[PDB]
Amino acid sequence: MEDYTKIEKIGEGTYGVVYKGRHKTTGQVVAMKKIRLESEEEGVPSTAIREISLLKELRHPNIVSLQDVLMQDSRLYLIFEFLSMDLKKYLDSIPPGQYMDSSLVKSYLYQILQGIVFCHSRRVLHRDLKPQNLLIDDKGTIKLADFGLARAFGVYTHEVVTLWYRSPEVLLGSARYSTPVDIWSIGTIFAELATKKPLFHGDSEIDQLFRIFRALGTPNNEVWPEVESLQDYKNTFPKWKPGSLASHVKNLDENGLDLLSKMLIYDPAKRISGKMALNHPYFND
């Protein structure tokens, strides 16, 4: 805080208290996350910071560059560029009856894909991806925030937005997860960009699964190998056929629907990758 004046409080983004500030040398306006660290044991060196150190490196135009990191008395300041808009906010601001211009959707998705491919690419996930994490500048550029912060760390309706953008691997209690979770989230976001509505709007983990199934069909081993072995799979689930996805979403040409369908494949080994998605016919304009 030598180099920075606190201007004002601006929320509590899952990790810290978030503040607005200014760099006293460069006059730069910034977003500051203040994070109180758990006291650590003697030898045990903190992997949390190791991670953050590494995340400081990452620059890419479609990610929110983490500019600096600072240490006060056992507390940690994450310094980011200051953006005043996010996509949740944006979508809310659209008047009723109007929709997001379908070429702007396409723009936005590509930019989002680029940022994630970059991250992925660098061995780094989001995990908790969702519209309030996708920031925007006046220049019309969109940027991922909070990439890899989950990894570096680890009440309950704080969880229950996060639920709508969450992969069925994670929901069914899958032993391990990887880059496919971020693509799932991006698929759910894609649908929302078109419709203005969350796609899978569940009230609980279990209702979230059921919502997904009502639209994509209840999974079994035919469609998702080894699925019936997951800790929270049950043979008692309701039995919906697929599903019937154009049904659930308007304002996408066949390309959009197809790309989308590929982002929401159950089997994570079979689900589209960030890179492939950037070559889909959908992006030709």
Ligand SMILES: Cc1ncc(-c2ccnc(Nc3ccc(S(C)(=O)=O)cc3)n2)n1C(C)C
The other form holds:
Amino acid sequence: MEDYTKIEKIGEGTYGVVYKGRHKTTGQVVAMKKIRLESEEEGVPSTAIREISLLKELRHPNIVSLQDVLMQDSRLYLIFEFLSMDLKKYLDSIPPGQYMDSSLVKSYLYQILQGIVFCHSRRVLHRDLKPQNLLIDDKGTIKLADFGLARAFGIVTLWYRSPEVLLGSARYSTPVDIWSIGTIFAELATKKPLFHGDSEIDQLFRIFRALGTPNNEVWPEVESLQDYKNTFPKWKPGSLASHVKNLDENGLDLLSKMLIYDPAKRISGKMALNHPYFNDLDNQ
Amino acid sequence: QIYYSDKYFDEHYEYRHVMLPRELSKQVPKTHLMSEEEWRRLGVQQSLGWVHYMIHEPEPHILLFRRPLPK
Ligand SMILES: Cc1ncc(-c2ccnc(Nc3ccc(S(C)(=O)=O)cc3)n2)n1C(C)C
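May I ask for the structure of the form solved in complex with this ligand now, the form solved without this ligand having been displayed?
Below: every chain and molecule of the assembly, starting with the one above.
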């Protein structure tokens, strides 16, 4: 549309190029995601523009509001509030020796859970959550970006992925986002990724080495999954607190509940918000 | 080039995975584990007695190895 002016590139997302821009009427600064639309078969209607319009109606202070949607010349433009920093970048600005302020960790996790509960209550998953998708303003508010874009289209990524998905489960649901928030919680505290694997298989082995190799005793039906093996290495459960620092006993309890193997037994977003860890929560 | 992981261990075995380039991966059997003679023909170089113990099907280029600890 003629209403906006590109300033500069900010990056590449999975789905297309992302620019910083200004609205000519309001003067507001925006993020503009360009997407080249794939050619489609005649007599097969597209869900993609329909599903994207639905996401425009999601409003919540801790998600990145999709302000508009344009279509010029078989290209789709998504317009968002511009935020100039993400969590990956914020963690990089902290020098060696320093750690993230204990109260700001709590605040951020609270905000993240608020946003994920909002999405989950409206039947919407992220599926692909990670520090690059968590944006921050200068005033210390944090928001999810790219919620529901995965479903709308598709048919560092690995570290935040859940064991359901890695072992090849037929189906998955809201618990995948909770596992990811788990691994991000640990990173906020320590500055470094909890499960720093070099491949799918190495990612599993790092999860096993910290939480125990799963069997049917701790995770019903796991031994039936497509990529389970009786030959995996065999580490015993326990010693999560040796992999993480700067968390009181509540923090460690919540974290361990976000990282339960069985999706059915894993903590929900609602329940996590009522956990004791948040009792002493702070201004901002 | 071929990349060799650091070692990790169990109560019973020691372990180590090896990542081959993707053009060699079409040469690794999609049906059976490999003899020490077989994996040396792909240019995997390490000490005697490592055993090819499993295949993660999504990553056929990753050879997983295992050797029993002595008692
Ligand atoms: C994939 C996607 N679609 C829409 C956005 C999006 C939405 C709103 N604001 C921003 N701003 C932004 C993000 C990261 C960085 S940086 C260079 O510090 O990494 C700099 C500015 N971006 N995004 C993001 C997640 C790229």
